[PDB]
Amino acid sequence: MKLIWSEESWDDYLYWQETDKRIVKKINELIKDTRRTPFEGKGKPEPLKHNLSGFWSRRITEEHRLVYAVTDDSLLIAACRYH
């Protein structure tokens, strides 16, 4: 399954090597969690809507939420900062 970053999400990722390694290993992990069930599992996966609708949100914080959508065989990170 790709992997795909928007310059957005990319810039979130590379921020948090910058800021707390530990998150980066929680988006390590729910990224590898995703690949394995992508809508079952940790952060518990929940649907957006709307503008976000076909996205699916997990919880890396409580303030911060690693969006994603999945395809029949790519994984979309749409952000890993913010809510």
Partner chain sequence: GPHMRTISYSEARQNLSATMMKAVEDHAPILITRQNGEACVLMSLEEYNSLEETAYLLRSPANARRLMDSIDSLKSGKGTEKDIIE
The other form holds:
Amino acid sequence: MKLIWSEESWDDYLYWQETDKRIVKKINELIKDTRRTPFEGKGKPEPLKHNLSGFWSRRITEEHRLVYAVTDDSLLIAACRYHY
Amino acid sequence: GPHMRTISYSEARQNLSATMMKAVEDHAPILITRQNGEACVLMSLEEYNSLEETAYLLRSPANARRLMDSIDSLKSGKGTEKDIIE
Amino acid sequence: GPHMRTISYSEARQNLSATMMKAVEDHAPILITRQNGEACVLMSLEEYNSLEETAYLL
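I have the form solved without its partner chain already, so could you send the form solved in complex with its partner chain?
Once more the chain from above appears, this time first in line as the rest of the complex follows.
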């Protein structure tokens, strides 16, 4: 499965890349697990509603979530950091 | 007003098991009303967790904005493919 | 001790009214567990709508 990122999620990912490598490893583990089982597994996968229909959320930390959708071909990463 | 099925306190209490099972099966919420006014929604844990997680991601204006722009782009196919930086 | 946030279906059958009042009082959801089946959550209508309004982006 291919990994497609938005500018938002890409910036999020690089932020962690140059900020906290510990968080990076968690994100990679989640991506690798979702890749294996898109709707089940690590991070307590949760389907989203309304305007977010079609997307899912997994726990990076109690605060940060890996938000994503799945097409017949790849994994769309909407986010990997929570913002205030 | 509400846009969900309603059930009386008494019917729900007499048929709690069936009521919970239907909520779980249908993934739909139901409003239990007491003949004194009190009213609570009953929904499956699964549906609750989904709704709560959705509200959580949108609660923060800054996060809602980014997530909406991000989803917009992705749905439009404007997403860039990149591998994980091991 | 802390307010209850969980109750079994069996106990809920006979204490539903009190349980509803508690969910409303604390403006917090109560989980109704099921020995075999799936658990359900009970919450005030007010909390439910507020939650949907949020998930709807106002």
